[PDB]
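*Asks:* The chain contents come next:
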Amino acid sequence: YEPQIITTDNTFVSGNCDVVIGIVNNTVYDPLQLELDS
Amino acid sequence: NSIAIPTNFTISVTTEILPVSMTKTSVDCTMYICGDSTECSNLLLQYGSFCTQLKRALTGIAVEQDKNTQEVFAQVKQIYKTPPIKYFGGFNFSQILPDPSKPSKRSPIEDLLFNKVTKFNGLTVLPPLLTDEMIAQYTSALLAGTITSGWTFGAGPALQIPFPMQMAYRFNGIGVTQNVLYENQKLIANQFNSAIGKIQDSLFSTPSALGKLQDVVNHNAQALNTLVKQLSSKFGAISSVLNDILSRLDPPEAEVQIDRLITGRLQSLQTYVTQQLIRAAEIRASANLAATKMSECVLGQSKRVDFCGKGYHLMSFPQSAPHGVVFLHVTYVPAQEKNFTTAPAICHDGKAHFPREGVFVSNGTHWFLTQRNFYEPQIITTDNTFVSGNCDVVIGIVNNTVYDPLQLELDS
Amino acid sequence: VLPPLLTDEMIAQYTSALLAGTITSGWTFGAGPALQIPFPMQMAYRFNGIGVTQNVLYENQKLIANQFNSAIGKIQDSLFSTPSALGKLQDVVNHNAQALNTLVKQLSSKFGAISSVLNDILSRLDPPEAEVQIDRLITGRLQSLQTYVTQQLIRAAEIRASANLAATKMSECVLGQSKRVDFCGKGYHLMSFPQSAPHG
Amino acid sequence: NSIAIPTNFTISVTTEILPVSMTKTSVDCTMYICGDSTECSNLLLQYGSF
Amino acid sequence: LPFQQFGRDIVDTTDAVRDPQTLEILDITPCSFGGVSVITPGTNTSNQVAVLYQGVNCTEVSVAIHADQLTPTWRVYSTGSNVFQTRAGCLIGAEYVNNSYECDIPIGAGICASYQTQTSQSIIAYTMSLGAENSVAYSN
Ligand SMILES: *[C@@H]1O[C@H](CO)[C@@H](O[C@@H]2O[C@H](CO)[C@@H](O[C@@H]3O[C@H](CO)[C@@H](O)[C@H](O)[C@@H]3O)[C@H](O)[C@H]2NC(C)=O)[C@H](O)[C@H]1NC(C)=O
Ligand SMILES: *[C@@H]1O[C@H](CO)[C@@H](O[C@@H]2O[C@H](CO)[C@@H](O[C@@H]3O[C@H](CO)[C@@H](O)[C@H](O)[C@@H]3O)[C@H](O)[C@H]2NC(C)=O)[C@H](O)[C@H]1NC(C)=O
Ligand SMILES: *[C@@H]1O[C@H](CO)[C@@H](O[C@@H]2O[C@H](CO)[C@@H](O[C@@H]3O[C@H](CO)[C@@H](O)[C@H](O)[C@@H]3O)[C@H](O)[C@H]2NC(C)=O)[C@H](O)[C@H]1NC(C)=O
Ligand SMILES: *[C@@H]1O[C@H](CO)[C@@H](O[C@@H]2O[C@H](CO)[C@@H](O[C@@H]3O[C@H](CO)[C@@H](O)[C@H](O)[C@@H]3O)[C@H](O)[C@H]2NC(C)=O)[C@H](O)[C@H]1NC(C)=O
Ligand SMILES: *[C@@H]1O[C@H](CO)[C@@H](O[C@@H]2O[C@H](CO)[C@@H](O)[C@H](O)[C@H]2NC(C)=O)[C@H](O)[C@H]1NC(C)=O
Ligand SMILES: *[C@@H]1O[C@H](CO)[C@@H](O[C@@H]2O[C@H](CO)[C@@H](O)[C@H](O)[C@H]2NC(C)=O)[C@H](O)[C@H]1NC(C)=O
Ligand SMILES: *[C@@H]1O[C@H](CO)[C@@H](O[C@@H]2O[C@H](CO)[C@@H](O)[C@H](O)[C@H]2NC(C)=O)[C@H](O)[C@H]1NC(C)=O
Ligand SMILES: *[C@@H]1O[C@H](CO)[C@@H](O[C@@H]2O[C@H](CO)[C@@H](O)[C@H](O)[C@H]2NC(C)=O)[C@H](O)[C@H]1NC(C)=O
Ligand SMILES: *[C@@H]1O[C@H](CO)[C@@H](O)[C@H](O)[C@H]1NC(C)=O
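Protein chains in written order, with the authors' numbering: chain A, 1108 to 1145; chain B, 710 to 827, 854 to 1147; chain C, 860 to 1059; chain D, 710 to 759; chain E, 558 to 676, 687 to 707.
The set of hints was computed from the structure by calculation and includes no laboratory data.
Heads up, some of the hints might be wrong.
[As the list claims (entries may be wrong)] Label-pair restraints from in silico Cβ distances: (1) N1074/B - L1141/A: 22 to 28 Å; (2) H623/E - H954/B: 40 to 46 Å; (3) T1076/B - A1020/C: 43 to 49 Å; (4) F718/D - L1141/A: 39 to 45 Å.
[Said to hold, decoys possible] Below, simulated DSBU-like cross-link-like pairs (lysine-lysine); rule was C-alpha separation at most 30 Å, straight line: (5) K969/B - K1038/C; (6) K921/C - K733/D; (7) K1045/B - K921/C; (8) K969/C - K1045/B; (9) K786/B - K1038/C; (10) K825/B - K964/B; (11) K1028/C - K733/D; (12) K1038/C - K1038/B; (13) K795/B - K933/B; (14) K733/D - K969/C; (15) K776/B - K733/D; (16) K1038/B - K733/D; (17) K1028/C - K776/B; (18) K854/B - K933/B; (19) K933/C - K1038/C; (20) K921/B - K1073/B; (21) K1028/C - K1045/B; (22) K969/B - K811/B; (23) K964/B - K854/B; (24) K776/B - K814/B; (25) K733/D - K947/C; (26) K825/B - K811/B; (27) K1028/C - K947/B; (28) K1045/C - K933/C; (29) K933/B - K814/B; (30) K1086/B - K921/C; (31) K1038/B - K1028/C; (32) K1028/C - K947/C; (33) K921/B - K1045/B; (34) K795/B - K1045/B; (35) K1028/C - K969/B; (36) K947/B - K814/B; (37) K947/C - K969/C; (38) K854/B - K947/B; (39) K1028/C - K933/C; (40) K1038/B - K1045/C.
Virtual Cβ for every residue (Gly too), placed ideally from N, Cα, C.
Could you put the whole structure together from the sequences, leaning on the hints where they help?
*Replies:* Here's what the structure looks like:
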């Protein structure tokens, strides 16, 4: 156990949210976007 | 430049049948050779330790058979139980899990296996230390362990994991990403359930499927019937029955004929014991293989090709059988491949780009990066590839655009 | 002596099929359908297997191919030059030849009989005595056969263990890339190729 | 704090030799023990299934 | 058939005879026999032993003790509580308990014996334990 922030670097994207049976709603934190909007 | 990549897959479940133990026998050397004959016993005493050596060899075999059973099945520190709600992500394990309505508490497959596989002069048969119910309990514990805790079962405490996530791990372990399982979870569960039903019908229909265990039973039955049959032989004596020799002949002539029968009968016992020692060694080798298969196929995901069945190994389930173990090996088999054009690297601005995890493919007009064991084209980017060298040293490098996300942002 | 069911040509055909699959497909053929792949890419993935990146193979592809070809030539010269390299297979042949020679020589033994030849016993002794001398020879020859069969069963078990190891090695190192240390040669395993040999 | 790292490599090919099968034999028990002898064969019959 | 006088099994042992005077057919059952095993805690702990008569019913052993028929000349005193029927045979020198434990000295068919302190030490027999129970908290 070593919890990490869920980000766009630690995950990959494939498909939409309507296929995975157990998918949950949770913010994924993008590093580059946070700097660019700021 | 041509590579074939599967676009579909099959979930296949195969059956591996291994002997683990054999019938444990014991012989009363005096009753067999000189049954109810004082004179014969007194002549038999002149052969010394022959009986002791035969008894010791068979005792060692008898102990070995229980050791073999323990080594194959007694691999769990705790007896694990399944939940009362049998919903393992949509996978149906009802044919492998114990059926509580049967007094023997065997699974339907174990019950089938048990139904298909089918005191003499001084010979006995010893029971195993672990009864069929105890073996069934170990098998049930092994199934509950793998089904509810996956691979964590065999290397520390059991840690519960949702079954679809256990499968996602198992897919990742063979080079197939987690999304393949999750997007196709219903298809995978249906193929698994179908494969299990096919196995049940395959074992029911084919009478030779369990021949490996039936041969062990038949060979030991033949050895005992042969050993008893030899008592009717004469080996040159006037009669095979000792009372006729004592009745018809003067004591010293009876002693000569008795020594002749003693020699023939003790030679028959030495032949029997020698064959039992050779068979015991063969069974031990089989039991050692079964124990290895149990540890590497059931308590983990083996990466050994064709060790745990054909295809890429995902998981396995033990089932008990008379004198042995049957493994159901669940594997991933590539299917419905397509042939794509490939290249070892992409040339962009003079840099040579290589895949980090995959193979570059072309559909004839556009280049994509795909995972090797399942066609799933991705856009070739600077996150998926790495750069080493220029567009000169790599043989067969193809010119294509590699996308960089940050550079697109710089435009924003 | 009974012939094998598979001839040397049939074994060569199986070896050729395994080799063609390994060269043109890699382990995708061992696991199911044979999927063609360019050989340098098969090697690139084998390099990732040992833990070396793909660019090492591609930048050094000519060096790697030259070292491979040289190593194969060295193997041919090693087997040609050193007659003992295949002793393991010759020993099996020699022991079985010895067993049969021993088995036939025992027929000449008397085992305490007047004569080792049954026709001499029958020609020289009245049946009630001939039966005793014949029974003595029967015991001697029967014990010789039991000894031969027992030795053959022990040797058969040794050969079975060897065959099981050979099958395991072919399944894990020819139809795949093994991670078992020193299972298939010294060094980090890349690939292997079978060749047929008499009785092995 | 000292580590050695290879800067080059050698592709090596080695051999492994394994027996797979051995000569198959068959023995005519009666001819071996009692070849072309009726009296011996008849005595041999008294030894049973050997 | 009126012609036939006695019968044999598939291994040529005798299993039936025709009475020479009454012509009644009688079956011949071999007289009970088997091996004898002695369960010993070790002579550095206790001199009590248990005896297993392999492959027999405790009823035939009790009968063979009542009549002077059983071949071994030694006897193990029967207390009732120390006579336990196993599938392996009749154990007449250990008390059976319902408390399972790890197997110590195996007897067979799931039954093991061990030397333990009484609820003062004696040889007991029990069904061997396979392991602790652990229900896994599986959920979606
Ligand atoms: C990958 O392969 C699987 C397995 O072949 C494909 O699933 C299969 O799809 C066919 C056609 O949709 C199904 O056939 C239909 O079955 C129903 C059953 O009631 C029947 O009524 C229809 O008339 C038709 O025969 C087949 O059952 C189905 N197999 C499974 C196990 O679900 C899948 O579509 C393939 N995917 C790709 C992308 O190639
Ligand atoms: C898990 O799989 C088992 C089968 O492997 C499912 O049980 C099976 O369910 C079907 C439909 O309910 C049964 O078919 C029916 O059987 C009765 C028997 O009298 C027959 O009269 C009907 O006409 C029909 O054929 C099937 O027999 C039954 N098999 C067994 C062994 O129970 C089970 O429902 C599945 N569970 C889940 C949660 O999917
Ligand atoms: C190789 O794969 C690419 C990517 O799938 C193929 O190009 C893509 O083809 C689809 C149609 O099958 C295009 O989708 C269509 O785009 C138009 C845009 O106006 C839209 O109106 C349609 O409703 C539909 O969405 C897709 O845009 C196109 N992608 C690109 C980058 O052109 C390509 O044809 C494949 N080549 C071969 C030989 O298979
Ligand atoms: C890594 O080691 C390999 C050898 O294991 C090095 O390749 C070898 O380099 C030497 C000198 O550059 C070559 O020797 C030359 O061969 C030519 C052949 O025509 C000859 O004319 C020259 O006079 C000289 O003898 C050797 O052949 C070559 N071996 C191979 C298989 O190509 C490689 O350079 C080493 N790399 C590093 C970074 O150390
Ligand atoms: C995750 O968020 C999406 C919205 O981004 C949710 O989808 C909406 O759910 C409400 C529920 O009443 C519907 O009325 C909307 O029509 C849905 N919109 C879309 C676009 O689907 C989704 O339900 C959320 N999931 C969870 C588990 O909270
Ligand atoms: C990939 O693109 C580069 C340039 O972007 C090509 O380089 C040319 O190679 C030819 C080879 O004869 C030279 O004559 C040109 O002068 C090169 N141009 C430049 C700008 O360097 C390269 O050939 C392309 N590769 C393929 C396979 O099309
Ligand atoms: C000869 O054998 C017959 C039977 O085969 C004997 O007949 C039986 O003898 C018993 C003697 O107790 C009677 O109870 C039976 O009723 C007789 N049988 C019938 C049909 O009556 C006969 O006794 C024998 N005789 C001798 C001299 O041994
Ligand atoms: C996991 O989810 C499944 C549904 O996908 C649950 O099973 C359902 O349970 C309800 C009762 O609560 C039944 O009415 C449904 O028919 C069930 N569906 C199926 C497909 O069996 C299951 O109980 C959940 N597991 C846990 C531990 O909560
Ligand atoms: C022992 O004999 C009794 C006789 O009534 C019988 O009921 C019982 O089942 C027998 N037990 C065994 C194990 O044979």
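*Asks:* For this structure, which hints from the list above don't hold up?
*Replies:* 1, 5, 6, 7, 8, 15, 16, 18, 22, 35 and 37
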